[PDB]
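Next up: a single chain in structure tokens, the form deposited in one PDB entry.
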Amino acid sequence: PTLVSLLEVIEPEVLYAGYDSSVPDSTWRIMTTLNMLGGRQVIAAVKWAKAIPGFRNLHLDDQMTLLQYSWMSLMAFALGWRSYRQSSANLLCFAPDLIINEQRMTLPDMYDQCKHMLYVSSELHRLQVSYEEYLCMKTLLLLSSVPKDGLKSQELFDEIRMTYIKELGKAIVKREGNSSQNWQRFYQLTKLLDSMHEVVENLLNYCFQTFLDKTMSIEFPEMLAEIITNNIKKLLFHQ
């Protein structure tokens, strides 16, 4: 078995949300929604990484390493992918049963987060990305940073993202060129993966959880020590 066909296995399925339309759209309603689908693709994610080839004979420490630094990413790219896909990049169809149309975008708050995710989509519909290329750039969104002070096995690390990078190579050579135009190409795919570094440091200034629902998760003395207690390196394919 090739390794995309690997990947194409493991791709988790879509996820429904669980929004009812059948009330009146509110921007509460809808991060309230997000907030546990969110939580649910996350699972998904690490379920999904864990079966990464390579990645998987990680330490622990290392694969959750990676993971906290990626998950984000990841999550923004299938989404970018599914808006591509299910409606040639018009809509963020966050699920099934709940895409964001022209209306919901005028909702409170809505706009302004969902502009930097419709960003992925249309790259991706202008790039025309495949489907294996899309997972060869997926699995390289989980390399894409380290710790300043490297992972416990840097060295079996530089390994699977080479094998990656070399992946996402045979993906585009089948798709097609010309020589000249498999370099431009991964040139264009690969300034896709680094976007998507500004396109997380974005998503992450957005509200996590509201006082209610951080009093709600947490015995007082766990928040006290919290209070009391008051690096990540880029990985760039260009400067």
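Numbering follows the first chain given and starts at 1. We call the rigid core whatever largest set of C-alpha positions still superposes within 1.5 Å between the two forms. What changes on going to the form deposited in another entry:
Once the two forms are fitted on their rigid core, between these two forms the CA displacement reaches 2 Å or more only for 209 among 27, 209, 68, 188. Comparing the forms between these two forms on their rigid core, the Cα displacement of residue 10 stays under 2 Å.
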Second form
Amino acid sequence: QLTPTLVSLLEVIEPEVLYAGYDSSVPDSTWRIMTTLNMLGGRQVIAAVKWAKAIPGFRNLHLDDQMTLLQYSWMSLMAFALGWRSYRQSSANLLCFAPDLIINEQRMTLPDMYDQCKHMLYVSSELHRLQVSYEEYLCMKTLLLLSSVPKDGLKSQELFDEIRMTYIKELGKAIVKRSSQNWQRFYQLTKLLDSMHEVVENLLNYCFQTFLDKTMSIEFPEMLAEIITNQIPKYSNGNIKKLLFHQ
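Right, the form deposited in one PDB entry is done; let's see the coordinates for the form deposited in another entry.
The next block holds one chain only.
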């Protein structure tokens, strides 16, 4: 394949699912779960960073750049992967957060549960609608890391773009495998990385209240603290840029 593929790469650099560490037995509790996802979130995040530095060209960007990129698209990446996991078999749409923390028919019936899962289901249901191959998923996964930037680019913009494209190219080769009007297939996928922007949005709107109100009783690991705290009134000043494909 003209030696190691940048694709067959991310595939091995792709992280390994974590366990919620949920108790189950004690009847389910809405926040008992949410608060259980969050703890888990921070780990995936952390695991994501390691996954990022592990990408070609990433370590190369100016650190402050690398530092904000993740800062933005952590949500976006957290949700895209999960969609995959649910899509992986959960025909009942079941939200699969961990190999031990899945959200079934009736777990979904819980208080203000479906009220937010509906968004996450969007993905998997969408991914399932486009039968995305693990290859394409990997490549898009990476491209979501670049879904949004400042408003004034980065100390390594030139680089950043340089890289980005190469993946937009790696994704092409990805779609290729399996021809004809491949160009439409490309379109559909491409319009879904843009969809994520709204997705990643509603999630923040729900995540910030819950992160704020202690009349909720939900807890976040420190990881997401620095990360949330920061990004909050921050991006809420239109100081960021949600990168698109189609306007």
